[PDB]
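A single chain comes next, written as structure tokens; it is the form deposited without this ligand.
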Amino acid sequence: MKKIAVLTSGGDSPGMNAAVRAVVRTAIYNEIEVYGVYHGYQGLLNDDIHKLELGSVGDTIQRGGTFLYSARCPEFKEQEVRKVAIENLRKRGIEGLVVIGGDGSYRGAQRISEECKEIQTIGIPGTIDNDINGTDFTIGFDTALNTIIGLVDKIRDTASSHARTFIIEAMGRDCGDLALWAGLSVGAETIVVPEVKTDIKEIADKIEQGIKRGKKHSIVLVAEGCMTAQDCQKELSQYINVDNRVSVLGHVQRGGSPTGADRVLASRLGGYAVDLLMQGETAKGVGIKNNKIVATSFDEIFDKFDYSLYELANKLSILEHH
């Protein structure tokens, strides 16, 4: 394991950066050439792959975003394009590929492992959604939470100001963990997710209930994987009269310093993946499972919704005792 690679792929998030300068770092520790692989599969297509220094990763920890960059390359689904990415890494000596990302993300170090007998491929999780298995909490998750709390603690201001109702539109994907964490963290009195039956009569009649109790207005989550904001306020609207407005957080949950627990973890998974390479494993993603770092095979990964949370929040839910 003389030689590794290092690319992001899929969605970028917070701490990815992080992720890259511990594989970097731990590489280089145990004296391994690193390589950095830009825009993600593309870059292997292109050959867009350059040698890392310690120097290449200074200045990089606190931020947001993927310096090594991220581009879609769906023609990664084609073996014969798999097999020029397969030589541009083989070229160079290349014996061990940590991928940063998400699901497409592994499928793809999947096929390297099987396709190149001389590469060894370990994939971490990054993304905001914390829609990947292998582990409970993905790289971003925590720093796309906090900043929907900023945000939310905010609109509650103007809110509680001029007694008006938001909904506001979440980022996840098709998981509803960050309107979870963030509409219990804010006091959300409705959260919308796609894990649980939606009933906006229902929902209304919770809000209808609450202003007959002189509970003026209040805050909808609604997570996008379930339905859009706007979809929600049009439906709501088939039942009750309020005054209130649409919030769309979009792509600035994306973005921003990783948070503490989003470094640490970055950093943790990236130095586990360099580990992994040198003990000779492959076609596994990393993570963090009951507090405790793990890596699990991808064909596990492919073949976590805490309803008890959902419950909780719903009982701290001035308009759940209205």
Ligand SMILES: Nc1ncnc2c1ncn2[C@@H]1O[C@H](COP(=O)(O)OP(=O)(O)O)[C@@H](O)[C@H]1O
Second form
Number of protein chains: 2
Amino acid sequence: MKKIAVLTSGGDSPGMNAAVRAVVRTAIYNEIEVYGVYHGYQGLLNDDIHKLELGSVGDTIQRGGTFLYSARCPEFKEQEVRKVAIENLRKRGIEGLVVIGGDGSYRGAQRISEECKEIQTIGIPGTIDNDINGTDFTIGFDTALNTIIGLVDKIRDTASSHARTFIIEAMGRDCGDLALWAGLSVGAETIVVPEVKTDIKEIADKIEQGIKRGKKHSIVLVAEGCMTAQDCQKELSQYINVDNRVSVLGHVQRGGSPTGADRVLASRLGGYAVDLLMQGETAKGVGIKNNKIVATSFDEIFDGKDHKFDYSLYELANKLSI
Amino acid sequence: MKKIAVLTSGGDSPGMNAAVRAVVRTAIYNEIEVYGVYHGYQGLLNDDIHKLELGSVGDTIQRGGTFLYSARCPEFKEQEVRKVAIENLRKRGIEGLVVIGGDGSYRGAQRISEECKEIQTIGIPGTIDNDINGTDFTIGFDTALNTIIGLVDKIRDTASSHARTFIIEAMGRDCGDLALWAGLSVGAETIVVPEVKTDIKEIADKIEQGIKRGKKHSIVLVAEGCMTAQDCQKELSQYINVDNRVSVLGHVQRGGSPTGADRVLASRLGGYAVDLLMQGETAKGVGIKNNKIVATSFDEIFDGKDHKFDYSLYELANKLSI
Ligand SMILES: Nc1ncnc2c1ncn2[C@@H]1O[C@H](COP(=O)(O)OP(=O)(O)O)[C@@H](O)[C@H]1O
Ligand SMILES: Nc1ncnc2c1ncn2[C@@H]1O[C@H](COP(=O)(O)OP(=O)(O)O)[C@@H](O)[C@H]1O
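Having seen the form deposited without this ligand, I'd like the form solved in complex with this ligand now, please.
In what comes next, the whole complex appears, and the chain from above leads the way.
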């Protein structure tokens, strides 16, 4: 394991920079040369590959986004195209590739490893969504959670004293975790997520009761994976009079400096990735499961869903809002 | 389990309010009457005990500190004095007591349960220190971590461009966790903690080398449990010329709104406390261990130290700083 490359792929997630830093510094500590691939898999195809030194990652742990950049590279689904990426790595003597991103990014990594036995690949779970098999938390989830709290606070702090209902749309893709943790965190009356069947009539009856008791500044928090905040508002207005602030929090949830949870998680997983490469491992995603740092094969990562939405935490939220 | 009391004891920790809220709302959901004890165990002795309603805990999840208040009540170490506290609860028909605080607070709770079979007691681990057996994280640790990051950022953002070394004193009592996570989080050159033997000469040789390479704004982060920032500075100056900003972060580390990690942890553990009371349990502290919500007997909590300082995370920090 003499040369490693590292790349960031998919949407930004706070802590990507910290993960790159840990890969680069850990590599060099172990006398491994490390190359940064810029613009995700696009850079891999364009040969936008450059040697990194200790100082290339200075002043990065606190930075949001990714100093390598990212792209969407849909042509990487094609085998012929991946051949060029594999040649750009191999001509450089690269023996290991670390990919930081979500589930889609991992698929690129699996293909590489299948199509070139000479390159070991390791995935690091850089996404806000919390939706990667075999890690309990992804790098960025904790940051995104606090970002949502802060955004909610500003919406309410800047609103009319008389606004009764804030319908706020959270990210998460197909996973309701962000909406659930954020909802509980801000004291939401209602949480709308793809894992629970949404009962509009119940939700509006709750709004209306509280509006009847003079309750102001109530919040419905909505995972984008279930519906948009505007559709929620439109659907509620089929029972009750309501539209008081539809808010789409949007891509800012991906921005901003990672929290300490994310910095530390990123750091542990970036170093572990390099350890695994040195140990001969391949085709695994790294994570934290039951408070242990672990590696799971991409096959198992993609074989199912690998554990439930926490319905009991959903229930606790609803109990606390009563 | 018809009546519960709840109190906060020891230093403030972000998320105490969220824990009280979860106890109160969960109790009432289950048709249990819940009484707030004000000023910790002092209120217990003064009979500063009042019925809470659903609304008594409104607008509290985001609030730092504790709306019940806290005290230090050293006389509670005396059995005769505890008799008065027990009588104030029993005369009210209180059947369960939830104590939120650190290890010292738990001791009060154990005694109560030993001295009055009619009151069940449950501890909730409200402290920044991270130093309670059988939970991996205490309520406030995550908040304190981010508070430290923010404080470090402001020290550096407001300093002379030419300051070379910031010696910053972190809380933690006898546990180095806060200093370790914060250190890694801010990219500290050095981390001084009670679990690792401090090598001053090594530390100064590292400062001096980097100062020689033109490195500015370096940080030594110091757990109060190992030494003060000023003693560290004095000890370093026995090898090298240095004193560039001694900073004692101080009690503010206990203040401020809990992070989402803390709000959610607090909430889960407050509800669990009430569940346990309803189930007949007593003399247990609740926690999160290996990502599972668990209850551990006070005897086991006080029997040892129950798991290591993470030397491997300490090592990773040092590797990343090189
Ligand atoms: N099935 C796949 N096979 C190969 N490459 C893929 C696959 N899915 C995604 N990728 C690569 O990963 C990039 C990012 O994936 P995407 O699904 O947008 O993000 P995420 O990593 O967050 O799931 C895509 O643009 C593409 O280059
Ligand atoms: N051994 C003990 N027996 C009975 N009460 C105790 C004991 N230790 C502490 N307490 C009670 O808990 C209060 C807070 O404890 P302290 O040690 O200050 O905080 P923490 O709960 O953070 O450890 C003390 O003022 C006292 O009332």
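Residue numbers count along the first chain shown, from 1. Here, rigid core means the biggest group of C-alpha atoms that superpose within 1.5 Å across both forms.
With the core held fixed by superposition, the comparison between these two forms singles out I211 as the only member of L184, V246, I211, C116 whose CA moves by at least 2 angstroms. In the core-superposed comparison between these two forms, the C-alpha atom of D157 has shifted by at least 2 angstroms.
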